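The data below hold one chain only, encoded as structure tokens and taken in the form solved without this ligand.
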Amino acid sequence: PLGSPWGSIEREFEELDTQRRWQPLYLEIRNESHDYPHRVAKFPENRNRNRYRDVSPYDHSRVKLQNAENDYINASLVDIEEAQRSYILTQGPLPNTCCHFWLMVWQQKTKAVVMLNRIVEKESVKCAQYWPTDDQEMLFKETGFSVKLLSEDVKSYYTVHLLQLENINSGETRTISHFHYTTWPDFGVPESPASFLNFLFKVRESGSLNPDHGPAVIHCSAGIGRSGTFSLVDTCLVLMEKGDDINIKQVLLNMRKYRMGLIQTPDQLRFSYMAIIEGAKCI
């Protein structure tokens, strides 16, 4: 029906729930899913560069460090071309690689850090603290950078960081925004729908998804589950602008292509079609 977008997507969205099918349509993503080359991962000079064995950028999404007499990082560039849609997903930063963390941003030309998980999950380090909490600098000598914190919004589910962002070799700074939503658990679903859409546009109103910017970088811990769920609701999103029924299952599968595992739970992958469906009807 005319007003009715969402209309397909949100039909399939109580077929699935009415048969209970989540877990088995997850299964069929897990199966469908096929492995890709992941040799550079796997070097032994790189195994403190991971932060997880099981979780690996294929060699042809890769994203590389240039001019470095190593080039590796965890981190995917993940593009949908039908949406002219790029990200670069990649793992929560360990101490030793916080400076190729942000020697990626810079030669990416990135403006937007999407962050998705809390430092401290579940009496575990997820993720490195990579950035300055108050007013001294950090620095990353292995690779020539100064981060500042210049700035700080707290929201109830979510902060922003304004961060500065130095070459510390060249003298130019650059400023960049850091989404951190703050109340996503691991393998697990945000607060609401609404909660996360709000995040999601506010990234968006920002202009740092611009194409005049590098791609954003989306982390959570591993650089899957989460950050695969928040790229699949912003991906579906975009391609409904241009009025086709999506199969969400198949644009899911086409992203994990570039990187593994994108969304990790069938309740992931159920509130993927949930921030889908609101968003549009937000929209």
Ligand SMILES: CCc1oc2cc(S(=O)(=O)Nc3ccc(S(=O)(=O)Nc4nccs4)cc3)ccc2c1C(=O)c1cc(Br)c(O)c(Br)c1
Second form
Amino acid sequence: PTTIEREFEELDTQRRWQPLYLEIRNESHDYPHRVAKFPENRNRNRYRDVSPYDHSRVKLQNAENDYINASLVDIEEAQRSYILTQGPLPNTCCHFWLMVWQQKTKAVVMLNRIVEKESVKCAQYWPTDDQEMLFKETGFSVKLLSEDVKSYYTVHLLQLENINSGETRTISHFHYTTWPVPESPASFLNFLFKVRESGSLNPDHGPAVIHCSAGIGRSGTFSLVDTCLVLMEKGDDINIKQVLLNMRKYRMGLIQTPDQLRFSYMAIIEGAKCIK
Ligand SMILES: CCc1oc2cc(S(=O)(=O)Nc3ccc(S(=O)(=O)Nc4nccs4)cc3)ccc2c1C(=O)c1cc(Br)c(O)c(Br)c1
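For comparison with the form solved without this ligand, kindly provide the form solved in complex with this ligand.
Every chain and every other molecule in the complex is listed next, the one we just looked at coming first.
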């Protein structure tokens, strides 16, 4: 039994998952997010209570308004860096692809459906058929090259084209389509390591773009499990609470429910076991 397994059982029998999440909420530092609250940036935010910090937000270079609801989450100890962003709005899809191009991003990880519970959680920012999707505001076009439909997720091969220079880039779109938290981390871990197998999270590429609806809940679960697993391969005894609080310095409110926190503990334990 490892230290993480000992702690996981202690929280389970003592039923201390909600006070632990309350501790993480109370110890979370607040950072200024002034740019997100500008009146001109109101239509660029999906939710009023979700904003990127000024010190870690991703800037759209050489644009009139450089703002996008996206945060660069850097973890130097794990040599990992993700871009956690919101589900693009119909008017911010052009900015979403401008960010992907400027940051040299290789893959996009989508952990939500287009509609969920009678509500649209994300705009259709990529084409579903052979028709080209134009984004004249930033000068980009997206074409669907291939699609691999699996049981719980779908992988779309996309072509991001700079319509002004003709340069094209292949983007791997990993779309997890069956997020309820899941009762078992087997499906989530196999989806995460399929993203790992593509080499998209490797340092020779730009930061991968992780996003759900708000980009803090399910995206925080994906980033926390992946980062903690990398830190375990380095032989380091990790403090999952401290790792999560450190990532919360780059984007507010990572992990939204105690169940998401408990699922992150399960995915880290089962993920490290599958390597053994
Ligand atoms: C670490 C990623 C990962 O973690 C998982 C966890 C489960 S689980 O929740 O059922 N838990 C589990 C399942 C099996 C074991 S086990 O260690 O007893 N068996 C095996 N380990 C490696 C190959 S067979 C230990 C824990 C299932 C599947 C996976 C899984 C994968 O699907 C997976 C594993 C590898 Br290695 C890989 O290269 C890729 Br791609 C995906």
